[PDB]
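Other chains dropped; remaining ones untouched in position.
Think of it as A and B in the order they're written, each chain with its own count starting at 1.
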Amino acid sequence: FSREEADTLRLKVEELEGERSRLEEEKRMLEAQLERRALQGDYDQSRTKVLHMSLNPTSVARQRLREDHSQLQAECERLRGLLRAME
Amino acid sequence: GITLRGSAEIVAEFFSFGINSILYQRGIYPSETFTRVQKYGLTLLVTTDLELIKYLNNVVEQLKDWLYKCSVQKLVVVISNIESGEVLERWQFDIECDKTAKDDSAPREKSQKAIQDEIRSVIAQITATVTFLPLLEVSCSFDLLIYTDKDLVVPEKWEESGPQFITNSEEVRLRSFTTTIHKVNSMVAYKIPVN
């Protein structure tokens, strides 16, 4: 009825009040936790990705280094493969 | 005033010269391979190396297209030890794009001269870092990483990358500049001297 539901509504409204009040307090504390902690610049893969050119100065330099290492490697073998036989 | 397309061009241009300055100053390519030019009221160094010019141009043009589209979040210049892959220096440029500018009907109010004065200050700060950044002691190379919104279509010769973070680093924060459509923040993270 009117007077009845009124009694139940003032109870329902009063309960939602305490909740709303408690939530704000919680929300505040979580906020104080997030701001106070060490991990500040986090990566969110749902909003960000990192792109680059597949072939770039670094991939090229690393490949050159491997080829130079090989070339020097084979040369060292050749030279000792000549000094050995003059004996 | 500035438009979305004008802003994207202005920003891409800042990167083209800024990256050249960083490469020269940090000895990533021999100094005799750069030439001097008058730009931004200063005298700046730019490469003459064919392969580098083509690579930088490819990145800068793509950057410009992504800037127009407002989907770029950062540009990072990653300097690493060629042999070990260890990141030794990392210049990070945080980029904020105003996605509403696509819906503009009139060029924004900020003058291109005020924008150029902000960019000149940043470029001068980049060149001023030469008095203290440590000399790299091993052969290094660089790669340009571009952080973008997640739903960007990845062009043909591009691929996903890790973020190449640096460890045991100190930082120098530089001033930001903005066109009111694109705001650019600048900083460099570098290895703590040893000893």
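In this text, a residue touches a chain if its C-beta (ideal position, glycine included) is under 8 Å from a C-beta of that chain, and two chains touch if they have at least 3 such contacts.
Chemist: Any idea how many of each chain the complete complex holds?
Modeler: A x4, B x4
Keep this in mind: only the chains that are shown with their structure count from here on.
Chemist: Approximately how many whole Å separate the CA-defined centres of chain A and chain B?
Modeler: 21
Chemist: Can you list the chain A residues touching chain B in their complex?
Modeler: Residues 43, 45-62, 65 of chain A touch chain B in their complex.
Chemist: Spell out the residues on chain B that touch chain A in their complex, using ranges where they run on.
Modeler: 51-52, 55, 58-59, 73, 76, 78, 80, 82-83, 85, 139, 141-150, 152, 154, 157-163
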